[PDB]
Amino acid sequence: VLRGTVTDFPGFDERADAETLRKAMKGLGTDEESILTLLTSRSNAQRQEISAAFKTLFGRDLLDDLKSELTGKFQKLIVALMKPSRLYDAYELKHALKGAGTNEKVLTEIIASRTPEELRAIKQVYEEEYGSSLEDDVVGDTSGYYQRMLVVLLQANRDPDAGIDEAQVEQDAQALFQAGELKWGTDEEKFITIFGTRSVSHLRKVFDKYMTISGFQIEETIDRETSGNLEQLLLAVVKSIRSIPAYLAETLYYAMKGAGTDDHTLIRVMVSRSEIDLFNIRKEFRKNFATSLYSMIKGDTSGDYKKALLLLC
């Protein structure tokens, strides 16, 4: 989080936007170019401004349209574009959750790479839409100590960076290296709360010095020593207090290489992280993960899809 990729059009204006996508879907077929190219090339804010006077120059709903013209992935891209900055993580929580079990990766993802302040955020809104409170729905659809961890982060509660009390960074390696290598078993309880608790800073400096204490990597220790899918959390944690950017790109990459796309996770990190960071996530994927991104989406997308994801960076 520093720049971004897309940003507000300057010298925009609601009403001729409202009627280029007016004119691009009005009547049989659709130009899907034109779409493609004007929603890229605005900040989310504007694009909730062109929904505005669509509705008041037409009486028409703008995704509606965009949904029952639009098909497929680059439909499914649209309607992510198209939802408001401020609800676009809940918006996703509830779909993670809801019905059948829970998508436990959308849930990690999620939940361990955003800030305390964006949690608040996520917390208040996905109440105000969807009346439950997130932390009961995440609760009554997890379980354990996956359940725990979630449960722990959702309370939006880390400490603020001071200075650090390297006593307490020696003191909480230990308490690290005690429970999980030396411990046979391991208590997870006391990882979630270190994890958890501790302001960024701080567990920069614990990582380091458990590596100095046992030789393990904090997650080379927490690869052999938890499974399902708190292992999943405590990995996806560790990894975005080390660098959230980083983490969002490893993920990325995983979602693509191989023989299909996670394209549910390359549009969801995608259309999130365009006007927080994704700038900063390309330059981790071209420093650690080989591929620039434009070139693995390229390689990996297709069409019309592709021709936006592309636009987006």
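Take the two forms, find the largest set of C-alpha atoms that superpose within 1.5 Å, and that set is the rigid core. Positions refer to the first chain, counted from 1. What changes on going to the form deposited in another entry:
Just one of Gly144, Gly185, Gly72, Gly140 moves its Cα by 2 Å or more between the two forms on a rigid core overlay, and this residue is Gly185. The Cα position of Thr226 differs by 2 Å or more between the two forms after fitting on the rigid core.
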Given for the second form:
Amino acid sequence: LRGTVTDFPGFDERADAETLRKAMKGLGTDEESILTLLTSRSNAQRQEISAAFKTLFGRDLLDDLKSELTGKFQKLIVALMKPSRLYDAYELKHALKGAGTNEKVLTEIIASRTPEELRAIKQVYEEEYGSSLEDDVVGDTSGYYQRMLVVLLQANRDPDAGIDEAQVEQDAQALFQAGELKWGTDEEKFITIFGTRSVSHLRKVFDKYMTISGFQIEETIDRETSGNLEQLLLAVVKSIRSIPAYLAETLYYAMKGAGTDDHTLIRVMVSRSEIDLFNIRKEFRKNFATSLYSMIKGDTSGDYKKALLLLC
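Moving from the form deposited in one PDB entry, what structure would you give for the form deposited in another entry?
Nothing else is written out below except the one chain.
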């Protein structure tokens, strides 16, 4: 896992505070200055620039960036400024909050994050927002989608140790028979297989599944659309195989067709900039025969594409 953003060598929080102050101060705004500085500092350095900005000027850097900037560019800079430890929990709170629910952010983050990451997300969510992530998810979702989400939210998959092939055989069968009935009959049985087994066990299951049916499990669950639970099952199957591959694909489908899902583009670009965006880049090129760069550049404009291309 290699990230695309790294600590800037020779950082001076005070110098960077003053540069940012100068870019904003007075009539107008110098976005080029802001943009090139904040995509080359790490998230933790940005936090030190904010601290230093308030000691020197008594102003809040994020409110100033929200006042001075506009549109998708403002959305991206505000996302970059969010402390890394708060961001997935923030995005989770905003998919739940209000009327309806953005199931896409819920599935994405709960299926692509590791048990370590989730233990930490549930802790910072509680701290920050006062309610349990579990109680807000249950407050907002229904049926087996809710159940599988809660199962994944316990952050208790089995450990990667004994490949119990008897259990590999049995679970492969169970999934096969669940596959043919289009993931609509024994939901309890497969929610436990998909949510509770080790990543190594399930990889061996997905293989034996293929030898039993001739094809890949995502083919049967595939309706890359329609039905919350199917969409989650597909996000889990793809993340068991490769989280950088699954994230590269949501990125791809954020730009394919008319429009752009700029919210997903900003969310995956920002949240993974210092975790695995390099690996996601590799996966993108290899699976889609285009680089992430080229697609971003075709699908985005202005200061917002300059900043994205610098984070890519």
